[PDB]
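**Student:** What follows is the residue order along each chain.
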Amino acid sequence: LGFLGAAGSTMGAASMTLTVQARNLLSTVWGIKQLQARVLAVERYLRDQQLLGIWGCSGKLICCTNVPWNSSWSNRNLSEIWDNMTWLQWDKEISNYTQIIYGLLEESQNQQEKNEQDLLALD
Amino acid sequence: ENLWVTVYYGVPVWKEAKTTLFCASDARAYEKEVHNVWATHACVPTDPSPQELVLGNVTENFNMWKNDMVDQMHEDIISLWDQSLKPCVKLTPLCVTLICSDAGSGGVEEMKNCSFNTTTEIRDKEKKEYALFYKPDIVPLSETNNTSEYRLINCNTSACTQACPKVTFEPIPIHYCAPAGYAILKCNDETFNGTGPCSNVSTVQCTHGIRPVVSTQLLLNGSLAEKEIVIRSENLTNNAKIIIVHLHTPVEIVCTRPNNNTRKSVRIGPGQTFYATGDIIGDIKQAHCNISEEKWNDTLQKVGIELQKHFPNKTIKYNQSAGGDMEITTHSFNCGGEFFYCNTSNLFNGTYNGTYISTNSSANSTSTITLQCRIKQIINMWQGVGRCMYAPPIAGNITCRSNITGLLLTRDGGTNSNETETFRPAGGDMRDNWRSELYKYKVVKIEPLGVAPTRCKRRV
Amino acid sequence: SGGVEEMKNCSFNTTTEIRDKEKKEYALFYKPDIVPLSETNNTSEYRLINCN
Ligand SMILES: *[C@@H]1O[C@H](CO)[C@@H](O[C@@H]2O[C@H](CO)[C@@H](O[C@@H]3O[C@H](CO[C@H]4O[C@H](CO)[C@@H](O)[C@H](O)[C@@H]4O)[C@@H](O)[C@H](O[C@H]4O[C@H](CO)[C@@H](O)[C@H](O)[C@@H]4O)[C@@H]3O)[C@H](O)[C@H]2NC(C)=O)[C@H](O)[C@H]1NC(C)=O
Ligand SMILES: *[C@@H]1O[C@H](CO)[C@@H](O[C@@H]2O[C@H](CO)[C@@H](O)[C@H](O)[C@H]2NC(C)=O)[C@H](O)[C@H]1NC(C)=O
Ligand SMILES: *[C@@H]1O[C@H](CO)[C@@H](O[C@@H]2O[C@H](CO)[C@@H](O)[C@H](O)[C@H]2NC(C)=O)[C@H](O)[C@H]1NC(C)=O
Ligand SMILES: *[C@@H]1O[C@H](CO)[C@@H](O[C@@H]2O[C@H](CO)[C@@H](O)[C@H](O)[C@H]2NC(C)=O)[C@H](O)[C@H]1NC(C)=O
Ligand SMILES: *[C@@H]1O[C@H](CO)[C@@H](O)[C@H](O)[C@H]1NC(C)=O
Ligand SMILES: *[C@@H]1O[C@H](CO)[C@@H](O)[C@H](O)[C@H]1NC(C)=O
Ligand SMILES: *[C@@H]1O[C@H](CO)[C@@H](O)[C@H](O)[C@H]1NC(C)=O
Ligand SMILES: *[C@@H]1O[C@H](CO)[C@@H](O)[C@H](O)[C@H]1NC(C)=O
Ligand SMILES: *[C@@H]1O[C@H](CO)[C@@H](O)[C@H](O)[C@H]1NC(C)=O
Ligand SMILES: *[C@@H]1O[C@H](CO)[C@@H](O)[C@H](O)[C@H]1NC(C)=O
Ligand SMILES: *[C@@H]1O[C@H](CO)[C@@H](O)[C@H](O)[C@H]1NC(C)=O
Ligand SMILES: *[C@@H]1O[C@H](CO)[C@@H](O)[C@H](O)[C@H]1NC(C)=O
Ligand SMILES: *[C@@H]1O[C@H](CO)[C@@H](O)[C@H](O)[C@H]1NC(C)=O
Ligand SMILES: *[C@@H]1O[C@H](CO)[C@@H](O)[C@H](O)[C@H]1NC(C)=O
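Just so you know, the protein sequences line up as chains F, D and U, in that order. Numbering follows our numbering, in which position 86 of the first sequence is assigned residue number 86; successive positions increment by one, without gaps. Numbering follows our numbering, in which position 300 of the second sequence is assigned residue number 1300; successive positions increment by one, without gaps. Numbering follows our numbering, in which position 32 of the third sequence is assigned residue number 2032; successive positions increment by one, without gaps.
Do not take every clue at face value.
Beta-carbon label-pair distances, calculated as ranges [said to hold, decoys possible]:
#1 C2051/U - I1398/D: 48 to 56 Å
#2 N1061/D - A121/F: 54 to 62 Å
#3 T2016/U - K1086/D: 25 to 33 Å
Simulated from the structure, these hints should not be mistaken for laboratory data. C-beta atoms are modelled at their ideal positions from N, C-alpha and C, and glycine is treated no differently.
This is chain F alone, in the form it adopts within the complex:
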């Protein structure tokens, strides 16, 4: 499947297709407009890569972070989320809470890296 093969499919079945939607992010009168759009696409991909790498999840598609999830954010059972819902309604009802989640991931990565350098220096 090419563009958006599982944009409405099963949540548990949409985790087998993240590669094809991530493989294609880069592939005078109009000598400046396409240049600006192409540089903007490059910085969009680079911002995404740096935001992945800032919490220790670079080069790995599905990465895991040890920070917990509060009950005031979603309060919904996992089984019917992963077997009934889609991605679009999740982005509809979670996107207002994303900044504090990103801050929590950044703080957890900072704590993990500081324990790592403390363990490396103490040994």
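Fit chains D and U with the ligands to the given chain F structure using the hints.
**Tutor:** Just chains D and U with the ligands now, kept in the frame of chain F:
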């Protein structure tokens, strides 16, 4: 146990954004040595395999009136049109007073002779030359009852930049392709009313064939419908919003012209030569457009029985345009490099009261509808920033075997207890044609990042 | 009327929308923007400074 968040990359979630788009043209448009006006040197070619993938169970809202590709297409067309008249002949030494008479013995009652003097390739020598300018391009400057002094119309306001006699106004199709990281959602619902949700959204990269035809008050060549006649409007409440009728069966329309002599070449300096209208050989006739009678009659009957759904107990009427000058009240287009401005008095003369009339006569197809009209040569289009041209004439006769696709209508303001309202045709802004050809598509941006709950524990 | 020092009238002629006909106009140009081109003791011929 408890929920721990995990980050996901490569997630199919969407947002609405406004970005610039590309071009796409056929492979046959690059072998032409006439260089066209758009798709030879600027726009990129496309692959001969447009891949389209249908999505499963997604419903997406569409709003064709608040769109970004219509404005971007209009700006690209305006900029590309202004950039194609810079290395061309400028008619600045043509504002000299003209002495104009009837077109010889037995005048044609439509053109004036308009002999003048002009500067040749030598800056000192001047020579007397003649042409045959059209009547709507001739303005009588006067201080008394003088019937021999005339001048050109575009010397009064701004510029006289002639179009180059190598490019053509042929509307070849183009396709719009979204850039990297963006997609185009296209709605395949046949009962799409213009605004609202759609449940058969398909994701595509490049659009279908769009012909940027220059037309007002009536739609030329374009994409047909699928099932029935479709009404497009945003409110259908006031009388100041243009309504678009999208048809299903085409009606044949032709437009002809009598003969001319040739392009008389007149020099106004080093290299800058312009082609004016020469003589006229043979008898002179009128430039008319023919439309079939019974096809137009039952097509308007189909529009009536489909438009009666939005007005249950009201009869519909049609009449002339709601006043104005030549450029807005007449159906205007171009063919073969020559422009037409034609009266629509005999097409919108009727009414429908809800009772259908069947036309079953095989021998009645001989009767036609004729639209008599004149020809202009200086075009002031785009309602400003148009770079006022002077279209060169064509030597022989021309034909306009065309096709019709849609109609542009506008309701009139009624009175008290007015159960019979009228629908007059009107054009106006240029964005309506490209908005009618871009109802399906909507640009969309994908965000590959996401979060999800699971039981993943990263090992230390 | 008056003296109006440091300004001069400096009426000229210019082309209309017709390249053949020309019409007379007038202004009030400043003194340092006016240069006396001269081949004799003519006290009426003046030109614009930046046309040089
Ligand atoms: C809506 O759709 C219709 C049909 O698709 C379009 O009609 C076509 O319009 C184009 C131009 O607008 C026509 O092309 C012109 O045809 C002229 C006559 O063609 C006959 O003769 C030639 C030989 O001379 C044959 O090859 C041809 O098969 C026909 O038998 C030509 O004389 C024209 O040549 C001019 O252009 C070329 C290239 O620019 C120049 O090199 C020439 O010197 C000359 O200036 C031109 O090729 C086409 O014929 C029409 N189709 C039909 C079926 O008639 C409408 O234009 C389109 N749009 C609108 C608004 O209605
Ligand atoms: C427009 O006027 C010009 C000049 O009055 C006409 O040119 C003359 O045409 C006659 C033919 O009837 C020639 O004998 C002359 O030599 C022409 N004079 C020129 C070229 O200076 C011209 O024919 C008129 N236009 C029309 C359509 O009749
Ligand atoms: C020069 O252009 C102006 C417009 O900028 C003309 O003014 C009007 O032009 C229209 C179009 O022909 C006429 O219908 C009006 O009667 C004109 N006058 C007014 C007051 O609106 C102007 O007439 C043009 N110059 C000449 C000599 O015709
Ligand atoms: C045209 O410009 C030149 C400058 O390139 C003028 O030359 C000098 O101008 C100053 C300013 O008035 C005078 O004081 C000098 O005497 C000029 N000559 C030299 C050799 O410096 C020139 O005068 C201008 N033309 C006219 C007619 O004034
Ligand atoms: C779309 O969702 C409905 C809702 O359960 C489901 O029945 C259907 O199979 C889904 N479509 C696809 C292609 O999975
Ligand atoms: C144009 O120039 C010619 C020069 O031969 C002159 O005789 C004529 O009077 C001028 N004016 C007109 C209106 O022809
Ligand atoms: C959606 O459009 C595609 C286009 O080919 C068509 O095949 C399909 O049948 C449409 N969906 C429905 C439910 O009709
Ligand atoms: C336009 O539509 C809105 C809501 O769809 C409505 O409130 C408004 O009255 C309409 N405009 C007119 C002039 O009726
Ligand atoms: C159309 O407009 C004209 C304008 O005067 C009016 O007289 C006429 O009644 C209208 N309706 C029809 C059906 O002609
Ligand atoms: C169109 O035709 C009608 C009747 O034939 C006529 O009254 C009118 O002046 C014409 N022109 C325009 C611009 O409506
Ligand atoms: C409209 O149609 C009627 C009926 O055939 C006819 O009498 C009339 O002349 C036509 N034209 C106008 C401008 O009313
Ligand atoms: C008009 O031109 C076409 C070809 O473009 C030709 O077939 C037709 O015969 C011409 N009309 C006349 C009256 O000769
Ligand atoms: C218009 O209709 C004619 C005959 O009905 C057809 O040959 C022609 O291809 C149509 N035009 C377009 C652009 O499809
Ligand atoms: C300026 O041009 C006009 C043209 O109408 C001419 O009559 C006049 O002699 C010229 N010179 C002056 C100094 O006004």
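**Student:** Take the hints in turn and mark each one as holding or not.
**Tutor:** Outcome of the hint check:
no., hint, verdict
1, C2051/U - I1398/D: 48 to 56 Å, "holds, 50 Å"
2, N1061/D - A121/F: 54 to 62 Å, "holds, 56 Å"
3, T2016/U - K1086/D: 25 to 33 Å, "holds, 27 Å"
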